[PDB]
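Listed below are the residues making up each chain.
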Amino acid sequence: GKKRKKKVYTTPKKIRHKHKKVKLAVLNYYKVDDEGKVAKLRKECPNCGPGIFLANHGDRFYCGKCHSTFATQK
Amino acid sequence: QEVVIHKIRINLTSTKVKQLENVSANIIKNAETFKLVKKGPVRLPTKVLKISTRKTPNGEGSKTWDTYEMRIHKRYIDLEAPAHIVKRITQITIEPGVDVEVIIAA
Amino acid sequence: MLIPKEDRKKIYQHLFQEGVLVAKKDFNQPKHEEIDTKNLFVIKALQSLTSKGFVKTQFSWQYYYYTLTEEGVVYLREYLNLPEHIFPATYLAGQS
Amino acid sequence: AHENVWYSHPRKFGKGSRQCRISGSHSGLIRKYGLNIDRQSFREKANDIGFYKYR
Amino acid sequence: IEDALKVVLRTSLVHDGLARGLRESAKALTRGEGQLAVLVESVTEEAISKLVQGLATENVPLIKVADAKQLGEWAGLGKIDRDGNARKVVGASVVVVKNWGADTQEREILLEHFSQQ
Amino acid sequence: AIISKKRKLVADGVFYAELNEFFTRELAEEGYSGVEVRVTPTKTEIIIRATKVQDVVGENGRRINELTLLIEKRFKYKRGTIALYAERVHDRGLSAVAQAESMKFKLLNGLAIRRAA
Ligand SMILES: [Zn+2]
Numbered sequence: 077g078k079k080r081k082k083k084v085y086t087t088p089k090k091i092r093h094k095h096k097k098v099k100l101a102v103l104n105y106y107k108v109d110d111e112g113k114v115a116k117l118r119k120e121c122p123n124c125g126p127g128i129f130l131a132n133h134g135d136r137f138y139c140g141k142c143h144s145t146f147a148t149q150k
Numbered sequence: 015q016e017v018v019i020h021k022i023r024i025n026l027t028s029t030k031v032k033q034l035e036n037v038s039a040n041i042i043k044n045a046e047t048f049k050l051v052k053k054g055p056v057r058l059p060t061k062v063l064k065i066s067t068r069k070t071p072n073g074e075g076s077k078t079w080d081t082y083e084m085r086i087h088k089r090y091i092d093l094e095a096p097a098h099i100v101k102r103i104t105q106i107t108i109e110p111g112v113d114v115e116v117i118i119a120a
Numbered sequence: 001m002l003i004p005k006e007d008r009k010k011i012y013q014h015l016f017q018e019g020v021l022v023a024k025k026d027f028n029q030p031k032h033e034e035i036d037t038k039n040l041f042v043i044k045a046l047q048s049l050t051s052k053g054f055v056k057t058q059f060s061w062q063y064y065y066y067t068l069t070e071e072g073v074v075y076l077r078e079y080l081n082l083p084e085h086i087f088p089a090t091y092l093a094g095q096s
Numbered sequence: 002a003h004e005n006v007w008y009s010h011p012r013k014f015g016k017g018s019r020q021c022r023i024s025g026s027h028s029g030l031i032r033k034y035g036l037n038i039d040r041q042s043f044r045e046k047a048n049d050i051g052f053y054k055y056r
Numbered sequence: 017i018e019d020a021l022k023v024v025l026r027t028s029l030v031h032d033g034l035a036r037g038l039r040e041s042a043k044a045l046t047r048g049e050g051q052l053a054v055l056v057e058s059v060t061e062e063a064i065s066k067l068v069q070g071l072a073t074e076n077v078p079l080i081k082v083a084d085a086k087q088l089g090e091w092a093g094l095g096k097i098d099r100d101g102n103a104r105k106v107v108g109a110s111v112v113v114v115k116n117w118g119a120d121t122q123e124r125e126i127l128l129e130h131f132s133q134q
Numbered sequence: 003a004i005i006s007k008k009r010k011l012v013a014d015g016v017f018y019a020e021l022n023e024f025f026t027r028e029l030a031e032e033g034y035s036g037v038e039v040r041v042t043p044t045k046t047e048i049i050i051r052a053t054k055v056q057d058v059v060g061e062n063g064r065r066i067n068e069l070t071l072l073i074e075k076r077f078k079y080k081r082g083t084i085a086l087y088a089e090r091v092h093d094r095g096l097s098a099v100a101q102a103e104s105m106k107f108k109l110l111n112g113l114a115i116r117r118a119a
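Chains as they are written, first to last, in PDB author numbering: chain f, 77 to 150; chain U, 15 to 120; chain K, 1 to 96; chain d, 2 to 56; chain M, 17 to 74, 76 to 134; chain D, 3 to 119.
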């Protein structure tokens, strides 16, 4: 015989982290200069290949491909 | 054109005896009809393999035990004969259960 | 399930390669044999296809056995976009 | 589900390293001669493997 | 008209070529992957198409047309319960084909006519 | 390989148990009765003594293929080492296993237990 009581938590709650949706985060990556030359914001990764922009955050370029390998202080 | 001596050794392993004995006798007959100098199907001491186990599935009740056994028999034959004839002898007349293993020993 | 797209693509194409696949019930196993992937999503995708009605599944001695039916073959071929005439190895009539 | 924490502990030996190969039970395994089957299923199928009662 | 764009859509669906969206299309175009781009003119923001055109000029050609929701309909988005519009609603801002695929009956004609001149 | 003969025979026995129980699992609806293993120098022959041998064969003889392929992938045997042979029962009455399977099928359908037995 085994009769367990209803579980009681000494913890308010911890909900799954709903990931932060950004409304048109693509536009912050590029900037067209008067229907012509396009400029990249932030930075770029030389490893993956051109295109992947490097996150700014706290003085450490955080790429998307080399998430672990590339956090380059600048 | 192979006539070289090989001192080949064949050995047998199976749980059942009578079919093993028929295999051994058939091998001896096949060798003697080829006039091959040999040594008889020498018989190793029989190897008996036993498990002791509780009959109970749960552990309750009077202590009752049982032993479960196989009896494998290893008999081997060595031939001072060439390879090709021995190869055709050993590759034929095999029946299920009897396991046949060959060593050239050259 | 959380399955990579190339992972499911290649497990499905291999399943079409043979027509039958094993995935031992052992979980957390790093790489399933002769498929080079973790067996977890292999089992999960195969049971999903079974539930949809394209794979027949059997359990035996902590071993999983998956077999392809006719509509399963058709749907897998459509998934790979393989030509109609080619058939899996199960259809390769190796007579006794 | 993280790679470094899930299933992280080594399982070289102990009860959970070898399973029944029949039901996977951890309890009472016959490792002798590589059976690795629990005494229950062994009692069930011993006549089929070849294990017979003789004495 | 434009009955070959659906053909290339299908053949690059077969070979996983549609970098649907904006960031996927962008990453296909910046890499040596973007081959045929479709950016809808009929956009409320009227900025994303300008950015896509600027990146395409930098993988140069563009085939823009209009009517984004129809592009979502006949790009192949949703589930095929019926062969048409079985999905509730869907809208594809930009569709870029990465792999040429199998069929090129009219594909080389249309690109050279529109942008290559 | 170099494994002791005793452990080799033990593996043979457990292989036989696995195979017989697996054929009980699969071919129950096909009237499976017994499985026989015969190790020949090149191939290893498997024989399925069963009542519904035609159903065991399958269409185009594909079932005996796929099942064999199952074995071929289950026990890491290379292709062409396992060959399936389907055979009719000697007499399904004296095979108590077949009688038990028929009784099980009759009971599963909800028949007269007394009359069926
Ligand atoms: Zn990177």
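It is possible that some hints are incorrect.
[Stated by the list, open to error] A short, non-exhaustive set of chain D residues, derived as facing chain d with CB atoms under 7 Å:
| no. | residue |
| --- | --- |
| 1 | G15 |
| 2 | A19 |
| 3 | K45 |
[As the list claims (entries may be wrong)] Straight-line Cα separation of at most 27 Å, BS3-like style, residue types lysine-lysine; simulated pairs:
| no. | chain 1 | residue 1 | chain 2 | residue 2 |
| --- | --- | --- | --- | --- |
| 4 | D | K75 | U | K101 |
| 5 | K | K5 | D | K75 |
| 6 | d | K46 | D | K78 |
| 7 | D | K7 | D | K106 |
| 8 | K | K9 | f | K141 |
| 9 | K | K52 | K | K10 |
| 10 | f | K82 | f | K97 |
| 11 | f | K97 | M | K22 |
| 12 | K | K24 | K | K5 |
| 13 | f | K94 | M | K22 |
| 14 | U | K88 | D | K75 |
Simulated from the structure, these hints should not be mistaken for lab results. Note that beta-carbon positions come from the ideal geometry of N, C-alpha and C, so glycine has one too.
Now for the hints, and whether the structure bears them out:
At a threshold of 7 Å, the smallest CB-CB gap from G15/D to chain d is about 4 Å, leaving the interface hint in force. Hint status for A19/D relative to chain d: holds, with the closest Cβ pair at about 5 Å, below 7 Å. Proximity of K45/D to chain d is violated relative to the hint, the smallest CB-CB distance being about 23 Å (cut-off 7 Å). The hinted pair formed by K75/D and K101/U fails the criterion: a straight-line CA distance of about 31 Å is larger than 27 Å.
Distance restraint check for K5/K and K75/D: the Cα-Cα separation of roughly 25 Å lies within the 27 Å cut-off, and the hinted pair is therefore satisfied. Distance hint between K46/d and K78/D is fulfilled; the C-alpha atoms sit about 24 Å from each other, no more than 27 Å. A threshold of 27 Å between alpha carbons decides the hint, and for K7/D with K106/D the separation of about 40 Å lies outside it, so the pair is violated. Restraint check: the Cα-Cα separation between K9/K and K141/f comes to about 22 Å, which is no more than 27 Å; the hinted pair holds.
In summary, the hint linking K52/K to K10/K is supported, as the alpha carbons are separated by about 19 Å, within the 27 Å threshold. Among the hinted pairs, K82/f with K97/f is inconsistent with the structure: their alpha-carbon atoms are about 37 Å apart, more than 27 Å. For the hint linking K97/f to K22/M, the alpha-carbon distance of about 31 Å lies beyond 27 Å, and the restraint is violated. Taking the CA atoms of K24/K and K5/K, the gap is about 22 Å. The hint holds against a cut of 27 Å.
A distance of roughly 36 Å separates the Cα atoms of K94/f and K22/M; the hinted pair therefore is violated under the 27 Å criterion. Distance hint between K88/U and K75/D is unfulfilled; the C-alpha atoms sit about 32 Å from each other, more than 27 Å.
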